[PDB]
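J.: So you can see what is in the structure, the chains are spelled out below.
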Amino acid sequence: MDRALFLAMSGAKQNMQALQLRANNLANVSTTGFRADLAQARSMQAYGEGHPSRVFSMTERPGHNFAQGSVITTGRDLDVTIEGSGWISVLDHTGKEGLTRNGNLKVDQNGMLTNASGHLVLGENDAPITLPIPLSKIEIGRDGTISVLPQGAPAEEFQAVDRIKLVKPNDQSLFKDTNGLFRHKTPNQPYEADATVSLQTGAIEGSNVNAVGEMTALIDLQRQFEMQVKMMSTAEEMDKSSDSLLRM
Amino acid sequence: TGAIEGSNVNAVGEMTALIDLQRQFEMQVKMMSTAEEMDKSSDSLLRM
Amino acid sequence: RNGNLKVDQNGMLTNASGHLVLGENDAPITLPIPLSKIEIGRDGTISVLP
Amino acid sequence: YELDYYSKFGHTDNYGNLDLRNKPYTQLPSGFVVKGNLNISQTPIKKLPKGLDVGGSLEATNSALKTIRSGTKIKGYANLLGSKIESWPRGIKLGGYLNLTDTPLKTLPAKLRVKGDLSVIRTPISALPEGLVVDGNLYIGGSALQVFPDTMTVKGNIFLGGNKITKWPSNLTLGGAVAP
Amino acid sequence: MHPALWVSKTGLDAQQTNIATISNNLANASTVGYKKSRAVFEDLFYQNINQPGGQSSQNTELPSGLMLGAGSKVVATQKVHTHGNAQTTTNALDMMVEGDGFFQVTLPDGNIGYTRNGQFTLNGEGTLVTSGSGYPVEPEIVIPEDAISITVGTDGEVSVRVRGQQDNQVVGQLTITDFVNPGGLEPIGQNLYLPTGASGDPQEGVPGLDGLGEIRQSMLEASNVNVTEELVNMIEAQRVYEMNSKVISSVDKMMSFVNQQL
Amino acid sequence: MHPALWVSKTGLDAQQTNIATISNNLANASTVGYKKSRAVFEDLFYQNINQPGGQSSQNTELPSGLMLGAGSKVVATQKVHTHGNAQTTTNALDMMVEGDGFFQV
Amino acid sequence: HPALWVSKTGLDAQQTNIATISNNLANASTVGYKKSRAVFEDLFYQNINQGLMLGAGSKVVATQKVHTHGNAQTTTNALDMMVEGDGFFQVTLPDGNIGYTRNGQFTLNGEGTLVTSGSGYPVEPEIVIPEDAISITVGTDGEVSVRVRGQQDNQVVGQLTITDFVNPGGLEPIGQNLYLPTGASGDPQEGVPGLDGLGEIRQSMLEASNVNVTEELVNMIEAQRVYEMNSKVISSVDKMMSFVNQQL
Amino acid sequence: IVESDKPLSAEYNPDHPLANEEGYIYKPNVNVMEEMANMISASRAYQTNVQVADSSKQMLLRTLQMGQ
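Chains as they are written, first to last, in our numbering: chain D, 3 to 250; chain W, 616 to 663; chain U, 177 to 226; chain Y, 456 to 635; chain Z, 40 to 301; chain V, 227 to 331; chain G, 62 to 309; chain E, 2 to 69.
The following block holds chain D by itself, in its conformation from the complex:
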């Protein structure tokens, strides 16, 4: 039949995919250090012989919202949030390094510093931070310097042991990977530490998802979705009527 049936179907299909991207945003409102995902549609025309009447649209992710997340003051010593722009460099389960903004850190039984996702926290030597096992008081600095008190030591024996690797690259050069870690679009790009990134210890950075912004985008995808499915029915209606040209 007419190709407008599939031209509208290819549009309704993308609206559902855009709806899925907004659904993931609203599910992650309470998530810690979550960067909102933007949804956009690209107009692609079928170039060739004939009148230029058919143009497809596909939904794609143009970028992410890198605005500062909501800061939650918790009073916990091992809670860190990046003041302004900046990232925390961590290595995932496989070992590939990446940037994260979740500062819900913790100390394991061996002293290794991890975050809430389990990623190991990189240090001054581009290696995971391993603090002494018998600690007494962890006091993270504003610049990322970790000053710990050995167990049984006097309060005046406060010494720095490591400095968290904070990286502030261009946000437009970062893409979210398959596990929520932002990495460089260009492969084999070294993550260079920055001396301007600051860590506000004792607070946790929340999500930056604008709940109303997603809701008002939802009510427009639904209407656009319903208009296209009416086009599918009216293209079906036209073909059924034209079925009476071979009756003879």
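Keep in mind the hints are simulated off the structure, nothing from the lab.
Beta carbons: idealized from backbone N, C-alpha and C, even for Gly.
A hint or two may mislead.
Claimed, not checked - Residues of chain V placed beyond 10 Å of chain D at every Cβ, according to the derived structure:
| hint | residue |
| --- | --- |
| 1 | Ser249 |
| 2 | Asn317 |
| 3 | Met322 |
As the list claims (entries may be wrong) - Under the rule of at most 30 Å between Cα atoms (straight-line distance), these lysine-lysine pairs were calculated in the DSSO-like manner:
| hint | chain 1 | residue 1 | chain 2 | residue 2 |
| --- | --- | --- | --- | --- |
| 4 | E | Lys7 | Y | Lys521 |
| 5 | V | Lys305 | D | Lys139 |
| 6 | Z | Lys118 | U | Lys213 |
| 7 | Z | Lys285 | W | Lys645 |
| 8 | Z | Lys112 | E | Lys28 |
| 9 | Z | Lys118 | E | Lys7 |
| 10 | Y | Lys530 | D | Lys187 |
| 11 | D | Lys139 | V | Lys261 |
| 12 | G | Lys293 | E | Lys28 |
| 13 | W | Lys645 | D | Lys170 |
| 14 | E | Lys28 | D | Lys15 |
| 15 | W | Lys645 | Z | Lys118 |
| 16 | E | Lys28 | Y | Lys528 |
| 17 | Z | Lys285 | U | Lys182 |
| 18 | Y | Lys490 | E | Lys7 |
| 19 | E | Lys7 | Y | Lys463 |
| 20 | E | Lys28 | Y | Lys463 |
| 21 | E | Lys58 | Z | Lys112 |
| 22 | Z | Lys285 | D | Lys242 |
| 23 | D | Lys108 | V | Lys299 |
| 24 | Z | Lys112 | G | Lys300 |
For this one, chain D is given, so just place chains W, U, Y, Z, V, G and E on it according to the hints.
T.: Leaving out everything else, chains W, U, Y, Z, V, G and E in the frame of chain D:
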């Protein structure tokens, strides 16, 4: 002064006129259909 | 019957559709250019403040 | 009147293409820069500003454009179909083709280089400039041209379109074919 | 298209612009020195159908003189320059005009822009500029660094307090521009307006003589939008929008009956 | 089922876990030596749809490299072992630890 | 549909406005805090036919900090001070650049240098209080003197200086009651604290926050109602479109 | 095919990667109501052309029955 006069369109009056215009329109269309139906039938007279 | 009046840069009193409004002289109403307070009377009289 | 900075913003797309179709603008500011393509079709614009820069292609189909001043930079093509251009200035940096169909064009710059196709279809031009170089297809159909210069270069096909050519160039290397 | 379909579509398009006009007014319900806009509707051209040409009069009440209009449209988004309320603030650089008159700021492209918003401040050089994009305010008012207080008089006479010297030094004087037709100003955003042919040549002067308004310091002008008017306008515009949709559906169903029954 | 339905459902389960954590803290608002818990959220994995199979990376800002999330979850309910205030009682058999330490039973 | 996005800007504008109100109320006890108010402006207008103007909504363009001097708090500590006028205390940031503050809660470090009671940054110029001092006196011009037993007359250990700016609102707040000079802030004007427009140092005195708690509660009323009003337009447009694609 | 002359709908989205210096992203000037009206008119006009083709078909068949 200090006020603007709107339109005096009676929305219900127009809507009830619409539904009557539709039905009268459709009934006359049936008259057109039965006029050609009679004409087709009265064509076997010359069909020897 | 459109009484949504306005004053142009030259001072002529027009309506929302741009039709010049007539007056006692049967000519389009022209107001002094630098007005300060325009009040329309209940009977149609136009009183202005320099 | 004339286009302002705020009026410019209301005729620009996401990638930076200025659309002035049917818009009542008469003149553009000097040193004008366009991020992408420029469209001044059907406009009462009779003159393009000096120092004009277009990051894309210039579209002036069926417009009132008459004068383009030298120094204009156009990255894409130039489409002046149906406009009122009478002469082409010297020194225009054109990154694409030049379509001058159905224009009152009469004179062309000497040794003009067209990086794309060239059109003089149905133009009152009497003779082509010496040393003309065309990297694409040349359409002279329906024009007043009947004598080619001593030397010319066309890297594509040459379409006569109906006009009769009597004096062919002495030095001519053609990458394509000649069509009447 | 049957003409009834397009006549109804004009009403849908007209009400659509009305909703967009109302939506902007409610958006700027807290913008300082904002003026509400209203959409004005007018009927379109009326055409003689049962006549080959526009025969004047000649039995208008009869079927020969039947005339059908082409719908409606929004003709203008008229600016209503009603004076707003007063916002008493403790800031020393925000000022208000009581009555007719506009502040004049220097736009980057050379011409001067006219604003009713009074949220001003100073830049690095001490010049009185707006608190938004930072455009300078005409006339230039430079504040000396030795000043410990700023006083803006009822006629824009700005004075400063200098320690070790009694009596306040005068550092300049403000001016406010007036226009014959305030509604002819062209909005360009940023709480700014531009003079058009429908507005008139600017009329400058001291703020407090020649019928001009008076400068009030540490004050602001709230937006004159009436939130209840917009909500009432929304109710009517929504109902008219739905009614014209029924006519389009009615025409389509009538047309469907024709080629299906016949 | 439709992917958009399950993505939002996982968000509902995450909040339901968060609610049960909050109600537990408020229930134990008078318990002696009780440490509050907080629910920790993290997103679920992102899937490439327009690449053949599970192929990833390359052009992530194009329709080819579009990646869709799977929702959210609660990964851990972290105990906040912040030292609490002291209650002074007249009973001689109740004791307290100031600083780090746990009684052994 | 532009109506939805016009109201969305109105919703986003009020959300930023309420954020400033909450920050004003949160810092109602912070010493030397200057309240800020959101600045609204309407977006650019468009001519559809050509002379019909349609707005795009509204936005918050700036957060103007009102640097009006707050009330006075009388304290018994001899190290916390207040500038009674125009001026900023200058502190030495870890980066080496000089930061400026109006909070006067100071103290001494291990070596006697005057530092802030919070992060511990030194106060420029450096004042060192000797271990033989029994009392500390700060004059109206910053002259810091100490009473030494066994010696008549207080000896002067240094003199504090303050900096005044043409436009204090042009400063960039970096938290911790600290400001960074910017391009529009002006040129830092140092000098003796009490001459040439500079304020006077008031020892054993603090500068309270200048927030108007009554105004913020009223500002919450207008911000909340306008925010809810913009939602109604979005809902009405949603029902208008839902009616049409269902009717037709 | 001819493009619409209406100006593009400008929307203030400063944080979008496609935002200009002022922060506005531009969206197509597609008017939903006219597309729905075009959808109805195109379908109604398409079906009434089928009737004319059907009407002419019967006339040719009867014209062929003459001579038999």
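J.: State for each hint whether it applies.
T.: Each hint tested on the structure:
Listed as a non-interface residue, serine 249 (chain V) keeps its Cβ farther than 10 Å from every Cβ of chain D; the least gap is roughly 16 Å. Every C-beta of chain D lies more than 10 Å from that of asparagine 317 (chain V), the closest at about 30 Å, which supports listing it as non-interface. Chain D leaves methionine 322 (chain V) outside its interface by the beta-carbon criterion, the shortest separation being 19 Å against a cut-off of 10 Å. For the hint linking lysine 7 (chain E) to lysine 521 (chain Y), the alpha-carbon distance of about 26 Å falls within 30 Å, and the restraint holds.
Only pairs whose Cα atoms come within 30 Å are accepted, and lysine 305 (chain V) paired with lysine 139 (chain D) is accepted, the gap being roughly 17 Å. As the CA atoms of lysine 118 (chain Z) and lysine 213 (chain U) are separated by approximately 17 Å, the hinted pair is consistent with the 30 Å bound. A threshold of 30 Å between alpha carbons decides the hint, and for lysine 285 (chain Z) with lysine 645 (chain W) the separation of about 24 Å falls inside it, so the pair holds. Taking the CA atoms of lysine 112 (chain Z) and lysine 28 (chain E), the gap is near 24 Å; set against the 30 Å cutoff, the hint holds.
This hinted pair checks out: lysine 118 (chain Z) and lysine 7 (chain E) have alpha carbons roughly 23 Å apart, not beyond 30 Å. With a CA separation close to 29 Å, the supplied pair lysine 530 (chain Y) and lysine 187 (chain D) stays within the 30 Å bound. Taking the CA atoms of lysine 139 (chain D) and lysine 261 (chain V), the gap is about 18 Å. The hint holds against a cut of 30 Å. This hinted pair checks out: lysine 293 (chain G) and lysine 28 (chain E) have alpha carbons roughly 24 Å apart, not beyond 30 Å.
For the proposed pair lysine 645 (chain W) and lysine 170 (chain D), the alpha carbon gap of about 77 Å is over 30 Å, so the pair is violated. Proposed proximity of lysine 28 (chain E) and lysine 15 (chain D) is supported: the alpha carbons are some 20 Å apart, at most 30 Å. For the given pair, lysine 645 (chain W) sits about 54 Å from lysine 118 (chain Z) by alpha-carbon distance, which is inconsistent with the 30 Å threshold. Taking the CA atoms of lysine 28 (chain E) and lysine 528 (chain Y), the gap is near 28 Å; set against the 30 Å cutoff, the hint holds.
Taking the CA atoms of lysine 285 (chain Z) and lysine 182 (chain U), the gap is about 36 Å. The hint is violated against a cut of 30 Å. Distance restraint check for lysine 490 (chain Y) and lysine 7 (chain E): the Cα-Cα separation of roughly 21 Å lies within the 30 Å cut-off, and the hinted pair is therefore satisfied. At roughly 14 Å between alpha-carbon atoms, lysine 7 (chain E) and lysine 463 (chain Y) fall within 30 Å of each other, so this suggested pair holds. Distance hint between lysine 28 (chain E) and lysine 463 (chain Y) is fulfilled; the C-alpha atoms sit about 16 Å from each other, no more than 30 Å.
Annotation: proposed proximity of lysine 58 (chain E) to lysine 112 (chain Z) is violated, straight-line Cα distance about 45 Å (limit 30 Å). Note on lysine 285 (chain Z) and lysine 242 (chain D): the hinted pairing holds, with a Cα-Cα distance of about 26 Å set against a maximum of 30 Å. Taken as a hint, the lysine 108 (chain D) and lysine 299 (chain V) pair is honoured in the structure, with Cα atoms around 19 Å apart against an allowance of 30 Å. Restraint check: the Cα-Cα separation between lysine 112 (chain Z) and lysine 300 (chain G) comes to about 22 Å, which is no more than 30 Å; the hinted pair holds.
Hint compliance for this structure: hints 13, 15, 17 and 21 are broken, all remaining hints hold.
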